[PDB]
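Colleague: Chain by chain, the residues run as shown.
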Amino acid sequence: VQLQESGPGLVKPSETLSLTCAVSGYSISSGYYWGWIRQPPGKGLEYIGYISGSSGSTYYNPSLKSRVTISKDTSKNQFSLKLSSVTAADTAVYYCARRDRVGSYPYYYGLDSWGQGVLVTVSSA
Amino acid sequence: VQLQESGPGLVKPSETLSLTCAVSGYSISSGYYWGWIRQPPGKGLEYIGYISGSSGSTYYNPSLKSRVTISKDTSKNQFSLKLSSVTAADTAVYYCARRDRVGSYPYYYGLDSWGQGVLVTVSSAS
Amino acid sequence: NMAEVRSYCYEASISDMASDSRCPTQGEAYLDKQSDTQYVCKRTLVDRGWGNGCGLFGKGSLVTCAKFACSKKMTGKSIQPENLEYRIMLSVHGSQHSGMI
Amino acid sequence: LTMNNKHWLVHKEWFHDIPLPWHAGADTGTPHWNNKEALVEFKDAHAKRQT
Amino acid sequence: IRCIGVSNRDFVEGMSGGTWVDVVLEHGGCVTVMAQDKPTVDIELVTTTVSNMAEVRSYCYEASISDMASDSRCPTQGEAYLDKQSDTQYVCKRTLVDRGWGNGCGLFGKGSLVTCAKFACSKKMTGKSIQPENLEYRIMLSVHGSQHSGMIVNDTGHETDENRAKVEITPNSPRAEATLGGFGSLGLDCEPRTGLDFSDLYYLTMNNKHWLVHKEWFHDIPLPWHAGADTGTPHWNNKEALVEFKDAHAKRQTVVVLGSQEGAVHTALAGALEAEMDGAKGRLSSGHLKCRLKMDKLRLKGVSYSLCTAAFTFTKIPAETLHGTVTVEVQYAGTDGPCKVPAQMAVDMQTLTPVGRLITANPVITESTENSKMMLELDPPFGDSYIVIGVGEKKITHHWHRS
Amino acid sequence: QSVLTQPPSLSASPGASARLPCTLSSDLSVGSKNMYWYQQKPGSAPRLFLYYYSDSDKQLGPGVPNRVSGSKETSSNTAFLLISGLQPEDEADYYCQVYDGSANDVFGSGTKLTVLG
Amino acid sequence: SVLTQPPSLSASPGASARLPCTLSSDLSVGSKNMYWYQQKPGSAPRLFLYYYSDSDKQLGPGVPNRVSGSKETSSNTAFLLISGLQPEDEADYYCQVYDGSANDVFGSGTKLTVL
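Protein chains in written order, with the deposited numbering: chain V, 2 to 126; chain Z, 2 to 127; chain P, 52 to 152; chain A, 204 to 254; chain R, 1 to 403; chain H, 1 to 117; chain X, 2 to 116.
Simulated from the structure, these hints should not be mistaken for lab results. Just to be clear, a hint being listed does not mean it is correct.
[Said to hold, decoys possible] Label pairs and their calculated CB-CB ranges:
no.	chain 1	residue 1	chain 2	residue 2	range
1	R	290	X	103	44 to 50 Å
2	Z	120	R	399	56 to 62 Å
3	R	179	Z	57	38 to 44 Å
4	X	27	A	219	49 to 55 Å
5	Z	65	H	5	18 to 24 Å
6	P	64	H	1	45 to 51 Å
[What the hints assert, rightly or not] Calculated Cβ distances over 12 Å to all of chain Z for the following chain R residues:
no.	residue
7	29
8	86
9	218
10	227
11	277
12	294
13	319
14	348
15	351
[Claimed, not checked] Some chain X residues close to chain R (C-beta under 8 Å, calculated; not the full set):
no.	residue
16	29
17	31
18	32
19	54
20	55
21	56
22	74
23	75
24	89
25	112
Where is the CB? At the ideal position from N, CA and C, for every residue including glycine.
Let the sequences and hints guide you as you build the complete structure.
Modeller: Following this line, the structure appears as C-alpha cells:
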C-alpha cells in the first residue's frame, strides 16, 4: 500500500501551488479516502482535506474556503492538490495520507498510511 | 477531611474581606453544612454562619446580618466568605469548620472537623 | 370578577432541613420547628448501637423536618351567575355585498 | 381553573380531589398549605439517615 | 469491630474441613462469617460506585416554543406550505379551516393551513449506558478481637493495619485476596454484575436526581430526544410529543406547549432503583452481590497465646444486640503482655461449663501497655444464665436472661 | 438572649476530679439539649472534645479517654465536663455549645482550665 | 473546536506514562473515536493507537500490549497509557477526532521524554 508523494520545492507568493502523490500498490477506484495534511516544523498537525476514490467528493479545511482544490487522476492512479493563491505564512512540510470514512472498522478512519513529506516555503529573495 | 484556610494578610477598615477555604478530602454538595467561626484576640468563639452543602442555603448570624456573604463552588471544591465594611473590632482568627444537619448521630451535629485558621487584623499600613 | 375557591400548589421547594435523633430508651426525638406550620415532618426508627455512640442497642428515634414553600400555584375559581355577559351577533339578509361584518 | 397562564373548565367533583398541596381562600403572601406531604416524599429505609 | 449496630446482619458458619463459605452481600446488609477453628470476620458491601459512562438518549421535559408563523391557501388552490417545514428546529402541522367569501376568496369549503413554530428545550434529562467494564464495588472487612477502632481514629479508618482493609470488586477482576495480616488472608471470588445490575439498566440523570431504568422503558419515553452525541444547538426528534396544536373553533389552530414534565416522570418510575448520591460518581443504593469466601490461608491470632491472669473489670454495661447476642467491653488492667482473653458463659459457678456459643473466637488483648480495652460478643442460651470472664480468682459475673 | 455563661478561670491539682460546669440560659431545658464540648490548646485550632446528652447517649473525641465524663443537673440547668485523671496535658480552654429554636449555634464563654504544679 | 495537549512529560523507565488529551467544551470525550499518532522528527506520524472504550479499541501495527487507553468524562479528557517504558518509544504523540462535519482536529504535540 505504498504512497509516493513528490512535487516542486518552492512556490512563489500569490501563485497556485500544487503537489501530487501516486498510490504505488493500491487502486484508487476502490473506496478509500486520499488526502493531504500539512504542518510547519515544530507546529501541530493541520489537515487540508481528502478526495474519494469512488465518487470524487472533496471536503477541505474551513479556513481555506476557496484556497485549496484537491485534484485527481484515477486512470494513472494519482491524486493531486492545488492550493490557489498561496500566502507567505503557508510555509510548512506537507504529508500525503490515506484514510477511510465508509465504515471499515473505525480504526481505519484515522490516517493509517502516510507519505514521506515535502518541505515547501514561500519567499521572494 | 482536612480543611486548609487561605486568605490575605491584612485588610484596611471598611473594606471587603475575603477568606478562601479548601476542604481537601471530602466532596462538597453531598450535605454537611460548612461554616465559619472566629475568635477575635483571645476571647470566646463567635460564629458567623454556614452554607448548605447539597442545597446551598445560607444561614447567618443575627448581629452580622448585612455585612457577610458566604459563597460556594464545588468545581474546584472550595467555599469562601466575604466580609464587607469591616470594623476595627473585627480582627479575629477565623476557622472554616464542618457540621452535619440531618444525620442520625448527634455527635456530628457539632463542629467535628476544624480548619487550621488564619489571623487577620484591621490596623493601618506601615 | 370571579372569586377563588381552592388553590393547589404544583411546584414547591423545601428548606431548613433539620433532624433530631436519640438512642433507644431515651424516649422520642423532638424538634422545635416540628409544630410550626409550613413544615413537613416524619418520625421513624434507625439502627443504633455502640458503634454510633450509645450504651444500648436497638432502634433509635429520629424526626426530620423541612420548611415548606410553594414556587408555582394553580387557582380554581367559581363561575357565579353574577357575570356571564353572553353576546349574540345579528345579521339580517337583503343587503351587505360581502363579509360577515 | 388557571395554572400557568392557560385556563380550563373543570368538573368540581374532579377538582376537589386533586392529590396536591392546597389552601382554601386567596392568601397572597404566606399561605397555610394543607397536606404539604403530597410533594415531600420521605424515603427512610431502616439503616440510617432518612431522606 | 463492625457489624453490630445493624439489623440486616446475617450469621453463617463454616464447614469443618471446608474452605468455601459462599455468602451474599447487599447494600445496608451485614454478614458475620464464622468457622469452627478459624477467626470470625464481618464483611459488608458498603458502596457501589459507577462512573465514566456515555450518554445514549437525552429527553426534554421542559420545552419552550417560539417564532409562531403560518401560511395558508384557499380550498380550490391546493395545500399550504411554509419554508420552515424543512427546518430541523421547527414543528409544523397542516389542518383544514373554513374559507369562503367572508375571509379572502370566492369558494366555500375547507382550505389548507400550515402552522410552524421554533422548538427549543429549557430543561432536559440525560440517560447514560453503564457498560459492565466500569463500576467498582467496595467491601469492608473487620475481624473480631479489637475494641472499637484502635489508633486509626475513624471507623473505616485505614488499610494500613490488621483487622481493617477494603477490597475493591469489579467485573473483569472478580476474585480478590484480602491481606489481613497476622490473621492471614481472606479470599473472596465474588460474582459481580450477575447477582444483580443486568444490562437492562441505564443510569438516568434528571435535575441532579438519578435512577436506574429498565431496557425498553427508557427507549419509548414519550418526550423529544436526541441521540448519544452532543453538539451545540442539538437536533430534537419527535418534538410534537411536547408541542401540541389541535383545532380551535375554526379559521385558525392554536399551538400550546405541554408545560413541564419533571414530576410527571417522577411518579412514572415508582419503585425503580435509586442512585441519588453524587460527587462525579454514581453511588447506588441497592446490592445483591454473591461471593465465595476462601478460608485457606487465614489463621487464628490467639492460638500461641497464654491465658491472661490479672482479672478484668467491666467498662460499659453489657448490652443485648438486635438478634440476641451479648456484647461486653472490658479494660484488662494488667501488663501481662499479649495474652488470650478468657471468655465464657456459665449457667452455674461450680464448674465453668460451656453452656452456649461464642461469637468472637478466642478474644485476645493487643498491646503490652498497662491498661488496654477489648470488645467481644457472645451468643447466650435461651433463658437465665450468667457472664463470667477471667480466671477463677476475682471473677466477674453478670446475670443475663435472653428471650 | 440565649447565651451561655461560665467562669473565666478554674484550676485543680493533678490527680483530682475536675468538674467544668456550663450554665445555660433560663429559656433552655438542659435535660433535652445535646451538649457539645470543645477543647482548645492555646494556639492549635479547637477540636471537638465531648458531646453529651445522657449517660446512655454520649460520644467523646476521637482519641480522648474515658476519664472525660459528662452529666446534667436539671435542678439549675447546667451541663458538666468531668475530667477524672487530671494530667498536665489537660490544661486548655474548654467551651460548651447548644442550639436555639432556629438551630443557630450558641457557644459558651468557657473556662481556661489550668493544671497546677 | 480544538483539543488541548500537555507540552512536557517525564517519567521513570518502567513506570506507567499517562498522556492526556482534553477535548473542548463543545465535545463529549465519551462519544468520540480517539486516534493516537506517534511522530519523531524526520518521519511521518505513524498511527499508534485507536481507542473508544475498553471494548472498542484497536492498537497499531507492531505496538506492544503495554499501550492502553482510557477516558474520564468528568473532566472530558482521553488518555494514552504506556506501562513499562522502553527507550524506543520516546517521541511526540498526537490525538485526533472528527467533529460534526468530519473535520479532523489534532493536538499540540506531547513531547514524551523517558528519564
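Colleague: Hints first: check each against the structure and report whether it holds.
Modeller: Results for each hint:
Under the hint 44 to 50 Å, the C-beta atoms of residue 290 (chain R) and residue 103 (chain X), about 47 Å apart, fit the expected range. In this structure the hint that residue 120 (chain Z) and residue 399 (chain R) lie 56 to 62 Å apart at CB holds, the actual value being about 58 Å. A C-beta distance of roughly 42 Å is found between residue 179 (chain R) and residue 57 (chain Z), which places it inside the suggested range of 38 to 44 Å. Roughly 51 Å separates the CB atoms of residue 27 (chain X) and residue 219 (chain A), a value that falls within the hinted 49 to 55 Å.
Roughly 21 Å separates the CB atoms of residue 65 (chain Z) and residue 5 (chain H), a value that falls within the hinted 18 to 24 Å. Checking the proposed 45 to 51 Å range against residue 64 (chain P) and residue 1 (chain H) shows it is violated: the Cβ atoms sit about 32 Å from each other. For residue 29 (chain R), the condition that its CB be more than 12 Å from all CB atoms of chain Z holds, with the nearest at approximately 18 Å. Annotated as non-interface, residue 86 (chain R) keeps its C-beta farther than 12 Å from every C-beta of chain Z; the closest such distance is 41 Å.
Look at residue 218 (chain R): its CB is around 26 Å from the nearest CB on chain Z, clear of 12 Å, so calling it non-interface holds up. Here residue 227 (chain R) stays apart from chain Z, with its beta-carbon at least about 28 Å from theirs, past the 12 Å limit. Remark: the non-interface label on residue 277 (chain R) conflicts with the geometry, its nearest Cβ contact in chain Z lying 7 Å away (cut-off 12 Å). Annotated as non-interface, residue 294 (chain R) keeps its C-beta farther than 12 Å from every C-beta of chain Z; the closest such distance is 34 Å.
Interface exclusion of residue 319 (chain R) from chain Z stands, the closest Cβ pair being 17 Å apart, more than 12 Å. Chain Z leaves residue 348 (chain R) outside its interface by the beta-carbon criterion, the shortest separation being 41 Å against a cut-off of 12 Å. Against chain Z, the non-interface label of residue 351 (chain R) holds: every CB pair exceeds 12 Å, the least being about 44 Å. This hint holds: residue 29 (chain X) has a C-beta 5 Å from the nearest C-beta of chain R, less than the 8 Å allowed.
Evaluation of the residue 31 (chain X) hint against chain R yields a held restraint, the C-beta minimum of about 4 Å falling below 8 Å. Because the closest C-beta pair between residue 32 (chain X) and chain R is about 5 Å apart, less than 8 Å, the hint holds. With a cut of 8 Å, the hint placing residue 54 (chain X) at the interface with chain R holds, because the nearest CB-to-CB distance is about 7 Å. Taking 8 Å as the C-beta contact cut-off toward chain R, the hint placing residue 55 (chain X) at the interface holds, the least distance being around 5 Å.
Interface restraint check for residue 56 (chain X): the shortest CB-CB distance to chain R comes to about 6 Å, inside 8 Å, so the restraint holds. A cut of 8 Å between beta carbons decides the hint on residue 74 (chain X): the least distance to chain R is about 5 Å, and the hint holds. At a threshold of 8 Å, the smallest CB-CB gap from residue 75 (chain X) to chain R is about 4 Å, leaving the interface hint in force. Hint status for residue 89 (chain X) relative to chain R: violated, with the closest Cβ pair at about 29 Å, above 8 Å.
Evaluation of the residue 112 (chain X) hint against chain R yields a violated restraint, the C-beta minimum of about 27 Å exceeding 8 Å.
Violated hints, in rising order: 6, 11, 24 and 25; the structure is consistent with all others.
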